[PDB]
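The chain below stands alone and is given as structure tokens, in the form deposited without the ligand.
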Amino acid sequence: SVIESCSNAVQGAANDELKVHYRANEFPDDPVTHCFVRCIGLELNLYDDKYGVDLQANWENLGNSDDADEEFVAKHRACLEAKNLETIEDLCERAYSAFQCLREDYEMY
């Protein structure tokens, strides 16, 4: 529902070629996708513009029900710190940049 609602809440996102990527869980580095990813993130509560990535929620969305491994938290909290998200003015670009920290995780899952 989120994918389909986000393709409509984001301009350009309602696009047959992008949606092909999205369902195949591919997310190209382009301004439409940036906003689509931000939207998914906000809708699923995996993300927030001010507070950033919710690492526990993502841990869950990666097929886990326990408290996140300390490594996982330490790792990505480091990855996200190094991105200086607070200096990225465009919100879609900030969200897209945050979520690349977690890409290795999503892919190996």
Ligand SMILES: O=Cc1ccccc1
Second form
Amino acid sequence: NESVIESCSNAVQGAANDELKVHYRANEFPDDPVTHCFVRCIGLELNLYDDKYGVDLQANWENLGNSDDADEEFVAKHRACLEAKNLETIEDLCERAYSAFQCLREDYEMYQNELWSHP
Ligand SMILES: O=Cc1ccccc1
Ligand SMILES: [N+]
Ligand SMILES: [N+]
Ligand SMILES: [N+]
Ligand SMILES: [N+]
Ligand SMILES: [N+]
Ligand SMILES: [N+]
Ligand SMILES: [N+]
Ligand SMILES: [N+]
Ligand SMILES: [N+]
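With the form deposited without the ligand in hand, show me what the form solved in complex with the ligand looks like.
Next comes the full complex, this chain leading.
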């Protein structure tokens, strides 16, 4: 939603940027340090992500237009994708969040046309 986007653009140094905000409202998130932190900010604010507990897969399932329990294969595939990113070894919190987000990026794109992954 606009609110969280506006707030995160202010919370993140450099993110209050016309050209980047154009991408963000268009659901594109370039692989750059400002966007990394912006993506982290949105994940934290929407309760989709946590620096320690990783991705909440049920919350993302629901953010993808579902109101039911996540499909088992959705959970399994993303848990595996996320484990493969070795997030706990990424020291920079924004880079870690962006890397975790990359596991869900396609789901969000297909949609656009708690199940913490690290309990
Ligand atoms: O901030 C990281 C993140 C991860 C998964 C979904 C949304 C955001
Ligand atoms: N902004
Ligand atoms: N952030
Ligand atoms: N949060
Ligand atoms: N959540
Ligand atoms: N539900
Ligand atoms: N549910
Ligand atoms: N359930
Ligand atoms: N399932
Ligand atoms: N991981």
